[PDB]
Amino acid sequence: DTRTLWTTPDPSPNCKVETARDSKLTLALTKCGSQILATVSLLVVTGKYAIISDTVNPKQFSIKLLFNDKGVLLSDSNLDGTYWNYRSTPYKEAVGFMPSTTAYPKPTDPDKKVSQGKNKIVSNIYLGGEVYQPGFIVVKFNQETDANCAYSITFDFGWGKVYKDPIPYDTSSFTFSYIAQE
Amino acid sequence: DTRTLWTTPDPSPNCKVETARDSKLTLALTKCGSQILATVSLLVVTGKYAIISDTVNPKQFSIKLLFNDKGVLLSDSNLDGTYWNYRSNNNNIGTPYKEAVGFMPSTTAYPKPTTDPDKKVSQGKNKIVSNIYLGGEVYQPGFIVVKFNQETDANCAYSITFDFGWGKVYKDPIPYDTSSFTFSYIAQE
Amino acid sequence: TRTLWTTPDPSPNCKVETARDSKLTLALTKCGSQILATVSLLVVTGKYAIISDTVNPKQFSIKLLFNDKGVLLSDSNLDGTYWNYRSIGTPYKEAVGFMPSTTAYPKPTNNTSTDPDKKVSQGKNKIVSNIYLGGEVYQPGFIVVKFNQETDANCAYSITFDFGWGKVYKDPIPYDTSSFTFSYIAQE
Ligand SMILES: CC(=O)N[C@H]1[C@H]([C@H](O)[C@H](O)CO)O[C@@](O[C@@H]2[C@@H](O)[C@H](O)O[C@H](CO)[C@@H]2O)(C(=O)O)C[C@@H]1OC(C)=O
Ligand SMILES: CC(=O)N[C@H]1[C@H]([C@H](O)[C@H](O)CO)O[C@@](O)(C(=O)O)C[C@@H]1OC(C)=O
Ligand SMILES: CC(=O)N[C@H]1[C@H]([C@H](O)[C@H](O)CO)O[C@@](O)(C(=O)O)C[C@@H]1OC(C)=O
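Chains as they are written, first to last, in the authors' numbering: chain A, 179 to 266, 273 to 292, 298 to 371; chain B, 179 to 292, 297 to 371; chain C, 180 to 266, 271 to 371.
Derived from the structure by calculation, the hints contain no laboratory data. Note that the Cβ used here is the ideal one computed from N, Cα and C, for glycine as well. Some clues are possibly wrong.
Looking from chain B toward chain C, a few residues come up when the C-beta cut is under 8 angstroms (computed) [claimed, not checked]:
| # | residue |
| --- | --- |
| 1 | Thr-180 |
| 2 | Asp-188 |
| 3 | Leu-215 |
| 4 | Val-223 |
| 5 | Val-250 |
| 6 | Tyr-315 |
| 7 | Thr-334 |
| 8 | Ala-336 |
| 9 | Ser-361 |
| 10 | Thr-364 |
Build out the structure end to end from the sequences listed, making use of the hints.
This is the structure:
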């Protein structure tokens, strides 16, 4: 299915939050012409961020997906590449899933000011899906330079509310979209 | 694909919050291949939650869409199935649909609910949680929780549940009339 | 499955307070009977370019007004020069399939034309969310998207973006929004 690129819907541990494969990132990208429709959720399984409270610091971490100029996931990404593939051999290109570098340029007169906001999508998510357990997600397009990436999608996850009773970092699903490179 | 399953865009009262058809649920599910793109909004028209304030309790209610193995709406659902159907223009195909499995939330992504950290099942991923705004006013937050496959009622194969509520103190009564909310989810097929 | 858009890296193309004082980036993509949209706003000069608690009002309104063919009316805050389908071209002739449904989101009615037997939703034609200035989690603002709620220019359809904030900002910050995704039911 050339219209869906994903982690598979029920992944094994596939994502580094603190150490490699300590988390399960479920990410599906679906191509709707020139816009990608995405859904993302994160379950931290082991380690520092599996169960959080107010004494865990910092209260944010970053998950980078780094892509080359063919849209292939680079091995330095926090997301393990083993099962990152079209919905059904590692794929050879996925440029049409990549966030536009014209809409969302890599970092570099009022008419020369570059938007610092437009390459980010920021919202609350809710741990365990509970309305009284807000956290946040920041989706960032093409803001990384690591591994000489041509494209990137970064997920920053965190929280700010004071939690004295420890709770699993297990996020509600978040929908977003972005302008595709082609 | 690219078909829509919906309540019609201008439904008559079609949904139970407290009693049958005491509310207008507008819900459209549009298939974008492996994901469903959805928009939902609720106007409660009569009963306990039509007009809310800080003296209305509890401050949450639940609307269950329960589906069988063909993705057909079960009678126990809060939504009346009379006008829950595939789109035709601004209305519905006349005959009740026979199957809608491609519109169901995946039971692989969102399994039905059932100490080893390695076997932990995500409690978050089957829910989408956000503020909505009553009357579309920025100063009238409430909330929506969309839940996939979390019901057991009527031996459903699939479910979509909408929990609506609010937390802010409203001393003056206001209608429970939500801003539209967009979400997507992984489709069963 | 076409996209109607401002182009992804627009030149100043929008009036918040004065012509060309802002850059609105907006893409509408058709997915059958729903439009999938992404929007963001960079105010580049004037009252709302750098905001703080001493600026009032703390909301402003960007109207996209369309005629019966889905064509952008020049009265809109958005300049229509580069509002067109994604692809040297011609202004588009029709985009009704991209308009917000007037059955889902009807225009306001008069005392004359209001049916007292029907309760009309005031919320359903609005989408309301936070956006974040600079994409910083500690700089919330808000966006309100409104469908078909204008009467300006005898529009057949409209999409209105209200942007604002409520948090007290002592130190001034640029009104430069994170991107916001939404969808709506299309006219056809
Ligand atoms: C959509 C949105 O951001 N709404 C928020 C409104 C809004 O900012 C104002 O009505 C616009 O002027 O403000 C809310 O309350 C905040 C309060 O939470 C904060 O601590 O103080 C500010 C004033 O400085 C407001 O009083 C509101 O009216 O309830 C919050 C609301 O946002 C949310 C997420 O509910
Ligand atoms: C989904 C929602 O609306 N969650 C809100 C929650 C809820 O309304 C009450 O818990 C209901 O009782 O109230 C809060 O104050 C809270 O932290 O608990 C704020 C929280 O909203 C945010 C943006 O974090
Ligand atoms: C994305 C998010 O959740 N931002 C929240 C922010 C954040 O949690 C801390 O800044 C992290 O440390 O905290 C706030 O109190 C703040 O104003 O700064 C509330 C704000 O949420 C809203 C709905 O405005």
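To see whether the hints hold, each was checked on the structure:
1. A least Cβ separation of about 4 angstroms between B:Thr-180 and chain C falls short of the 8 angstroms threshold, and the interface hint therefore holds.
2. For B:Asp-188, the interface hint holds, since its Cβ comes within 8 angstroms of a Cβ in chain C; the closest pair sits about 5 angstroms apart.
3. For B:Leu-215, the suggested interface contact is upheld, since its CB lies about 6 angstroms from the closest CB of chain C, less than 8 angstroms.
4. At its closest, the beta carbon of B:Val-223 sits 5 angstroms from a beta carbon of chain C; the interface hint therefore holds under the 8 angstroms criterion.
5. The criterion of a C-beta within 8 angstroms of any C-beta in chain C is not met by B:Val-250, whose closest approach is roughly 21 angstroms, and the hint is violated.
6. This hint holds: B:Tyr-315 has a C-beta 4 angstroms from the nearest C-beta of chain C, less than the 8 angstroms allowed.
7. Using the Cβ-Cβ criterion of 8 angstroms, the hint placing B:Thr-334 at the interface with chain C is not satisfied: the shortest such distance is roughly 30 angstroms.
8. Restraint check, B:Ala-336 versus chain C: the minimum CB separation of about 29 angstroms is more than 8 angstroms; hint violated.
9. With 8 angstroms as the threshold, the beta carbon of B:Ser-361 comes within range of chain C, its nearest partner Cβ sitting at about 5 angstroms, so the hint holds.
10. For B:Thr-364, the suggested interface contact is upheld, since its CB lies about 4 angstroms from the closest CB of chain C, less than 8 angstroms.
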